[PDB]
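Take a look at this single chain in structure tokens; it is the form deposited without the ligand.
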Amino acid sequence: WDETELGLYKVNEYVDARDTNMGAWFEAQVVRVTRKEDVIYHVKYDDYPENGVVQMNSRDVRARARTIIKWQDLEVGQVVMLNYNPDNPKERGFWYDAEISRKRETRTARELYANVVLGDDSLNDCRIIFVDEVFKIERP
């Protein structure tokens, strides 16, 4: 609990924060920044006030996703943030980081596969439904 004015993100800044347990990214806001780069972010989630204030490692906080990578610009090997539902893969889910693994296209059909990063481990060759909603990851 050593308040710091250093660190990429500032108090009141609207960010993306990663839930440690699920590995998914949620819109959050920096409420406090402490130390022991390796600064600790204290965040509150925009749509989850009931989750309180959570201490985050600096790797679990980044600038909010804003740019959609269009289908034509998606490439095998790109690390992106996309929507996936691990329990119900055909349904809408949460925003996870993923490595694009396969990209297929016919005249009337498109197929996107990715290696999806979850709570701790990778889920290889997931079939991605939301091909037009793939986000570029904001990097400093």
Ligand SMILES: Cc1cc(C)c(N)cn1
The other form holds:
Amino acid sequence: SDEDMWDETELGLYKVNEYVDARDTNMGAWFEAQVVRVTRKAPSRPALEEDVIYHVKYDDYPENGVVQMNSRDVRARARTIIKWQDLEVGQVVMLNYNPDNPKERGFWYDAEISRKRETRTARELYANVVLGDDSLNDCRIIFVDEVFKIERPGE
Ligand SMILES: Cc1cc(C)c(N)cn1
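Since the one above is the form deposited without the ligand, can you give the form solved in complex with the ligand too?
Time for the whole complex; same chain goes first.
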């Protein structure tokens, strides 16, 4: 076996210099980052995206250094907002939530829209917010005009 051996690659799904979102595995949120190097472990195998290690710098956390990511924790940078009128229960989107202080600005989490209400006085959005392998149901989402479409690589 050769999990310890790696080489650079230019044939990862994401490329050096690409602006991406990268997911912190300790707290489950996505952050703006840039890919600075792409390596691939196990040179004995045919090239697999599962073997790619992305080396990223988080835009707002330079003190974290060059962080290594599994391919599942990198995706193209979110760029398109799904406006209020287009949001629907069941959509999985990236949105801003603060689990510790839910009235405040927080971090960017993936979330499944769970309830959408329009009353005479407010637009109310609720979502099941993903943290790692688990989710918090029915979080009230403050930032209803900044919900992002997730860029999926496809298959
Ligand atoms: C984590 C993240 C946040 C924003 C606002 C955008 N546009 C992309 N990624």
